[PDB]
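As you look at this complex, bear in mind that one protein chain is not there, while each of the others sits in place.
The letters A and B name the chains in turn, as written, and every chain counts its residues from 1.
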Amino acid sequence: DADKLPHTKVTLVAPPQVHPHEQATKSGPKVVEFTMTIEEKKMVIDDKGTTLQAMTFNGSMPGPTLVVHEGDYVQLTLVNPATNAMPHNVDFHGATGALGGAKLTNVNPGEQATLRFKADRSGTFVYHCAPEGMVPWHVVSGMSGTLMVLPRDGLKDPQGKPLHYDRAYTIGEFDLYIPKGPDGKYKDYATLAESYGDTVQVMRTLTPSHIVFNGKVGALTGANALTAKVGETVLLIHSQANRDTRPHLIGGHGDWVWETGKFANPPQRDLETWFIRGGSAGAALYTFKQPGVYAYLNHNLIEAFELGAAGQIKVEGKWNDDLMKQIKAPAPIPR
Amino acid sequence: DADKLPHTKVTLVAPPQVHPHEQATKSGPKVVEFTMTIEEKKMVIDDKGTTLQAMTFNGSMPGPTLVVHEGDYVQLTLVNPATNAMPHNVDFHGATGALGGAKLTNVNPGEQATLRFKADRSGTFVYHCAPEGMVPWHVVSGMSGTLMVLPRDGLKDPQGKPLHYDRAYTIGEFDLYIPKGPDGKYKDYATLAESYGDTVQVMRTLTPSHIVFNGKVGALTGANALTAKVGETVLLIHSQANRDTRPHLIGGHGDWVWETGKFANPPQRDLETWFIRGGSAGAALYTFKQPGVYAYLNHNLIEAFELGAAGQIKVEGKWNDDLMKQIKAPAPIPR
Partner (left out) sequence: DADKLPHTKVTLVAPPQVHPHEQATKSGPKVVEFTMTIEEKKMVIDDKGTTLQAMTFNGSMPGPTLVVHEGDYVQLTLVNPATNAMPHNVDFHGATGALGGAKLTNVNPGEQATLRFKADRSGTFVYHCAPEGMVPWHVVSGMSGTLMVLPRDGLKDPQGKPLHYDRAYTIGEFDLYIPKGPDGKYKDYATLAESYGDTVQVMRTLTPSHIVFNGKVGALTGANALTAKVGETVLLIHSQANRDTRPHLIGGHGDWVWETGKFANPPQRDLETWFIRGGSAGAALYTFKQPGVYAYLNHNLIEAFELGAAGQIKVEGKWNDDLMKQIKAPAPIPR
């Protein structure tokens, strides 16, 4: 009975980081309490100044990742401040009943609600806004993130051996549908409401104008690159609430991957590219063996390089000539 | 030798139901006899009166689901009445040889044929029309369905334990390519033949005008919703003969899913969203734990909510506060 369990309070952090948590734990079930505040805002999503009339959990695309253990209860307070214009709610794919909690969390600007559900299944799960009659619009405008439900005894390989990560990153991939006017330039809207009609028209073509990681072209590149070092194991959580994607680490692999994102199933090993179904989150582990800059991208290369679905991981450490060596550098072809 | 085996005759039923059958059986192999009659007809496929010049097995999209056991022989009589205009045939993905039976079942209006094949592999398999030179047109116009070949000892989990369903539903998802005229309104054609050229042009864009379950927007919503009760296990068979889809039960899960649809492989558990490859049928089991209206949809939410790929399941029973509880209903934010 959930009423009798101990409560904990978790402080969320902004993507691409994930809040501190244990993997395997000696702890028993708890009611883990979280709070999120919705923020509607205009965001610049590319390097030429295009804006999106966006909608977010906690001010970020994606929303923050929530981490619990299997058998915990998630207790979320969702706040919709009066400065917003639209009603919102939340649908947790990790939850059972009431359209994922959406029917129980309908909040108009100025309102809040608290939902509890039992996280009875391990895996990474999408959560997203789903207001009746406007579901796709709120999702493509930015209202999604991940709930990770870890097995109480941590991650396991196909033979039941322990797996772990030393750091976790969360990447949300967003297919955007920005309208254009008769001059072929992207439209800039004064309000969220004014963007709706034109956006629906672009959506129905099924062709995104942009496909971005974490809300913007280059959000995870250069100074914003993810980091690691040789010998460190990273967990890359990848969510796509609306459209398929195919993650790939250039120069690396998915050592252990749950592409459907559900940890009670055996992972696959040695993947070059994996597949995240629209409406899901998946998870890959990789242990770095070489230093350098890696590209982490959607391997539809047009979607990555032209539309925005690409980031970087900068890795410290010692180069390994056994794994790879330039035997002969570029030089004139012998005559 | 199939000539010496007992024959049975099966009476088909209209989707979304599936004809009565056993799962695990003490019965030995049989020749199971079915009949289907092709019907070409104009169908209304949305709520604004758009029509499709359609082609069907047995008058429905999808055609009916045929169920046998592994080691049975399927013996189909395919009838193409003289009231039709086009030649047709059938390609069973569950069969071996002769382009799935298509080369042996070419029937002009006024003709019929009978094919037998050994169902030697367990799983859900697409069948579809495939006339030489017009294959995509007959498929996208509605000529597909599912053959389910159950293991003789029923479904099994990854550890070899028994799985079962208490009721089965069949959902065919159809990407449609309806042409428009210069006024931007959908075209209405007097005959099937007259729709061909314009439709091919839309097909080649790869952008469906509509994506529907069971032949129409809302075919499985409201009064037409699927039904179940708390404690009942449902099998959802999902076929897509031409294009990928990603099924999801909102408020629920895929407890056990064969997304590639082949029962000799272990199922995955706890899925939020699964993936049906274009040209295949998959199968998910779920046991209801909460009452209420569930949405069952393609989780490209634009494809679901804008284009039509969404239905409902209405579930009777008792609400379970342990699984989910509204701790605080929507109410003003405390000052």
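We take it that a contact is a pair of C-beta atoms (placed from the backbone, for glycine too) under 8 Å apart; a residue touches a chain by one contact, two chains touch by 3 or more.
Visitor: Sort through B:59, B:154 or B:278 and give me the one touching the missing partner chain.
Guide: B:278
Visitor: Check the options A:15, A:123 or A:252 and report the residue that touches the missing chain.
Guide: A:252
Visitor: Looking at B:69, B:243 or B:299, which residue reaches the missing chain?
Guide: Hidden-chain contact among the options goes to B:243.
Visitor: Mind pulling the subunit B residues that touch the left-out chain?
Guide: 1-2, 75, 77, 79, 81-82, 91, 93-108, 110-118, 120-123, 125-126, 130, 135-136, 139-140, 200, 203-207, 241-244, 260-262, 264-265, 275, 277-281
Visitor: What residue numbers in subunit A mark contact with the hidden partner chain?
Guide: 207, 244, 246, 248, 250-253, 268-275, 289-290, 292-295, 299-307, 319-320, 322-333
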